[PDB]
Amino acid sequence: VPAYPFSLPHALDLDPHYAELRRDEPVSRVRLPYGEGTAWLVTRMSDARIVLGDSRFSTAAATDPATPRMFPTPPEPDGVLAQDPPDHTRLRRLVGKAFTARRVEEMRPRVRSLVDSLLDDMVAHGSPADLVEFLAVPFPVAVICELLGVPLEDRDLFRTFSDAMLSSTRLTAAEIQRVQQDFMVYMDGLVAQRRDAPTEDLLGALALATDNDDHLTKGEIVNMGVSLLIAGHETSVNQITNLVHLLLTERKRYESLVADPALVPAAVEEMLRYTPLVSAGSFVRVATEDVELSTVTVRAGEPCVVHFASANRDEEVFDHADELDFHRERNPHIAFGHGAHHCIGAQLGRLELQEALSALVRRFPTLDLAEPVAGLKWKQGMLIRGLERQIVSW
């Protein structure tokens, strides 16, 4: 009967319904915006983990246009989200060898230098300035270029492609396709260059063959490079803005990081959990077999959808879940998702946020929201929450 999403999202607030559903009906039936049929909506942490983690659920199935989904275009079956084991498991195994947490930490110095440069630009502009335009938008795409060892001259081409891939793209041409192909040929050439001469970047590592051993196709590598750019961009850009919003609207929080800069990483985790970056449910999971959740048993062929932010506010798991606490002992949030499809960029997402917050705290202890709160322009049509603009003063 009821439609999902329940209501239009306001700011980063959570719909009061979810909290009711956790208590009264953890697994509810719901009608999604675009597929045919009803689906199950999972609202609690244990259930969410089961749907995400257990092999009895398939994302590949969700590619059927008849299958319910949050977004208008049926999913592309090539998308790594839509990959099912064991082909998906191979991709993850191989890319996971190169995308270590150790490789990400080693980027931190170059990433610090990158934020510093962006902020210097913002100081050149003078207070007050749009933190979106100067920090949130440019920073993630630069970070990903660093990760792919793109030379500085060619980064222009990556920005255009990321902006063109977003559904909100202003240009919205027939030409988008022209950009896509132009970009694709470039990536081809970049991977071929890596095959000819090994580089220390993540493309370089993926290009290497121990030659008695498992490695990716050149075409697989190109496609993976595009996958990493797109997944990492939209989420990161808005997530930066969202953490800053939380920090400044109750400024006691930002002051807490000024006082103790070592608190930043803990704070980032807490804000990842607290922020409903994904306004809607999850990419759909269709049951290959009967599976037993908390309160209901899902029959094979029934579609499930997870709301990550609700799970993150589950009262069983988190004391004062509705409150924002940078001094939690444990924080097992699924802001990055869970199981097979755990965002690969989970470490590079954390790096990006920790480095943006630390830089702000270090260069601007006097940082404050210049735009009035009521004035704030939140993005309206989107799967992902974020501010169109965020004017700040220092």
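Whichever C-alpha set is largest while still superposing within 1.5 Å between the two forms counts as the rigid core. Positions refer to the first chain, counted from 1. Only residues modelled in both forms are compared. First, how it differs from the form deposited in another entry.
Just one residue from the list 101, 173, 300, 123 crosses the 2 Å line for C-alpha shift between the two forms on a rigid core fit, and it is 173.
Core-superposed comparison between the two forms: the CA of residue 192 exceeds or equals a 2 Å shift.
After superposing the rigid core, the C-alpha of residue 262 moves by less than 2 Å between the two forms. Core-aligned CA deviation for residue 223 between the two forms: 2 Å or greater. Fitting the two forms on their rigid core shows CA movement of 2 Å or more between the two forms over runs of at least three residues at 91 to 99, 145 to 227.
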Given for the second form:
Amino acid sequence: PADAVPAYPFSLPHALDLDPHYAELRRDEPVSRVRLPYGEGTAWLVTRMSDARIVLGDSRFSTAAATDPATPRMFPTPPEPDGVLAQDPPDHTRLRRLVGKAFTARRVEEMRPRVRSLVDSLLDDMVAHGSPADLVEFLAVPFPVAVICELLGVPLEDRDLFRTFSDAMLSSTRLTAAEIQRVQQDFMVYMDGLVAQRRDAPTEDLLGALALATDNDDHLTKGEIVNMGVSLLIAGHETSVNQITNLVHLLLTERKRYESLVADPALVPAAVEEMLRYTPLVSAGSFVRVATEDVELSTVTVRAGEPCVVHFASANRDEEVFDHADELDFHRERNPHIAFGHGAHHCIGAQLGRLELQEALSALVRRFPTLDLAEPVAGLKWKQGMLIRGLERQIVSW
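Taking the form deposited in one PDB entry as the starting point, write out the structure of the form deposited in another entry.
One chain, no partners, no other molecules: that is all that follows.
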């Protein structure tokens, strides 16, 4: 009848806790029907790692199909069809070659000197201010912003402008479809004007390459190119901003974790990997994939036409994959998490986010051995109504 399929998300999120329903689903109903907050009909929620790798990793699932306004989705506005996430291979592959060179592990690693220099600079400004201080204001926000503005070639003077835009674009329930469609439109025209400036004066930056491509690639559309600029500018700071605060929260609320990194700072890369695994940065669900053919998952054959949604954080707690999966452990031998997704849409910024997180924690644990949270855990201002989780403020002392 009117379905008794449960609403997803199941609940408003609490700090970085996973809803307890996911462990129940993994063990007893790993693929299950749900109703998403927008779109029509139902979708399969996938909570286990092997199923997640098939949904994310197989041509028989299409994200392009999900651009239909009737397809279930986690966000109010229908997906933009020229957005990178809504492309299927091989069209997706051609689109990613627009920018991909700049994001290889090799080119990102070459940014470490520049990136460390910027971190130290912001922590200089924090030490000037004096303890206590808001870590979000002095580190979590300015640091990513500066990295992505250098790489893209966005002016740092526009931070306030494009952070308003990005916050709205990451709305889950916080903003309505209309408000988000207006911001979408404004961000588009803004990005298009940044790229259009390179047309009489090319720059050695990503926006530079974007502008060369609008002239010399008769297989890429200006809509796709400009949307790539917009996507990179959003994901390129909003993820790491949140993840810096999230990692710091995990470290300070069981100080032993932080103390182990203070004692041994070369453990930081591994810790970053383990906290990526453990942190439900993506608040709930994922970009929907629609089966274009019947596909076998662990417990169910998804029919052609049926949508699916992966919960990344749930797959990252799969007990068949990780030992003591509900525990945070910086000395795991194996960590095949999907905090950065999997398959064709594997995060393009994965190496850059790793670099940023490593340089931010490494600097903290070496310079601020005495760092602690200097506001009550009860009052922490968790962002509400967004597709990702993180803190609006994090006052710390040292």
